[PDB]
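For reference, the chain that follows is the form deposited in one PDB entry, supplied as structure tokens.
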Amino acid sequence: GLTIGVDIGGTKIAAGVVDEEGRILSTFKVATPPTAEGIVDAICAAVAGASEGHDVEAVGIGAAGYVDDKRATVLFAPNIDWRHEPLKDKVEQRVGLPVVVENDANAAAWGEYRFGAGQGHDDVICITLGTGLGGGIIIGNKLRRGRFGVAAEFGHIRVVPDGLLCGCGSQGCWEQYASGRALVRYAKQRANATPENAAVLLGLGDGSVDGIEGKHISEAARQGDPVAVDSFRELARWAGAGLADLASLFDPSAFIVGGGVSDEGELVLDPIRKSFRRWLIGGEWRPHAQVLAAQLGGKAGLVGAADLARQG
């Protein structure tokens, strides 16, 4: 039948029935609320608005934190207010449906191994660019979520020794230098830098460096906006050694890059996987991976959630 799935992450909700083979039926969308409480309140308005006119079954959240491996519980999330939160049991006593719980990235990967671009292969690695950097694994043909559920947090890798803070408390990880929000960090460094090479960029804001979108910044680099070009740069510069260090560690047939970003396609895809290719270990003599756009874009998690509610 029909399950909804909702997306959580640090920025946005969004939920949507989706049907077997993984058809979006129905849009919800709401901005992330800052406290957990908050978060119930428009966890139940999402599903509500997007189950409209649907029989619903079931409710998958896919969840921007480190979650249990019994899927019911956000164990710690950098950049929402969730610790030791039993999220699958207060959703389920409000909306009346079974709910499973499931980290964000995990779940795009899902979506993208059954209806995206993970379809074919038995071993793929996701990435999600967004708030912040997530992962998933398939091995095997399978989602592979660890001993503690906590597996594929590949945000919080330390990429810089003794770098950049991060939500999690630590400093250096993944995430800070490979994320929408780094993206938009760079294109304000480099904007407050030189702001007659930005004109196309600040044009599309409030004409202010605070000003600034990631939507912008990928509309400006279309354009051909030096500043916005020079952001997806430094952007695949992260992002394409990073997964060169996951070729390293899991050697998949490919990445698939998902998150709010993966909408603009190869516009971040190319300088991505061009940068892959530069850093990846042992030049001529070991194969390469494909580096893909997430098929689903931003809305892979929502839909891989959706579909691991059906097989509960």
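Think of the rigid core as the biggest set of C-alphas that the two forms share within 1.5 Å after superposition. Positions refer to the first chain, counted from 1. What changes on going to the form deposited in another entry:
Just one residue from the list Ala182, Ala77, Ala236, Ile125 crosses the 2 Å line for C-alpha shift between these two forms on a rigid core fit, and it is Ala77. Superposition of the core reveals a Cα shift of 2 Å or more for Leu97 between these two forms. The Cα shift for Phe28 between these two forms, taken after rigid core superposition, is 2 angstroms or larger. A movement of the C-alpha atom of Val40 reaching 2 angstroms or beyond is seen between these two forms when the two forms are aligned on their rigid core.
Switch from the form deposited in one PDB entry to the form deposited in another entry and print that structure.
Chain alone follows, minus partners and molecules.
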């Protein structure tokens, strides 16, 4: 039957009724409140708005952060003051339907695997290059959350010893080098070096280096703005090298690369592929994983969380 998926974003919370083929029949969005306590009411309002006129059987919620193996508790969220938050219990009490809580990128990975670019593969690794960096693991046709629920924290593998401080509390995390926030750092540092090579980029914002935002960088790079282009290339080197490490770890059939950074398309995916090939160990002797574009865009987590709510 029909289930609801919920995507908890930094700015908006979206809930959608999703059918068994992963099709979204309704979508209702609410503002993400500044408060943790408010976020629960907002999730419930989003679910109510999406649910109108549909026979809904379960609710799946995708949340950034470490979710336990019981798919019930957010152990830690990077942008919400949730610490061992019993989200499943609180929402079930309020909506009166079964609820599953999943990591956001796990949910997106399952969405891409079941309904997107992963179809036809048995073993795939999905990566989301967004504001944060996440991913999900599919092995033998099943999402793998690990013993304690916290597998596929790809954003927090250390790629630079003694590197940048990260929101997770550690240093040198992949997310500090291959996420949208890294993209903005590269553009700012490059625009500061040579502002004449960033005319288009700076024109799209307020004209200062401080004013550069992620949205500007994609549009400027498309136009051939040298700083914006070079910034994507710098990000692509980190993203491709990290995929190469994941190939040595998991050796999947395919990688599915998604998230806001990947949205510009081949401008960023092509250099990611080139770096993957450069750093793939034993690439002369072993088969190369396919590096595939995600197909569901920003809807992958909503669809995936709804479908994960069925498995149970």
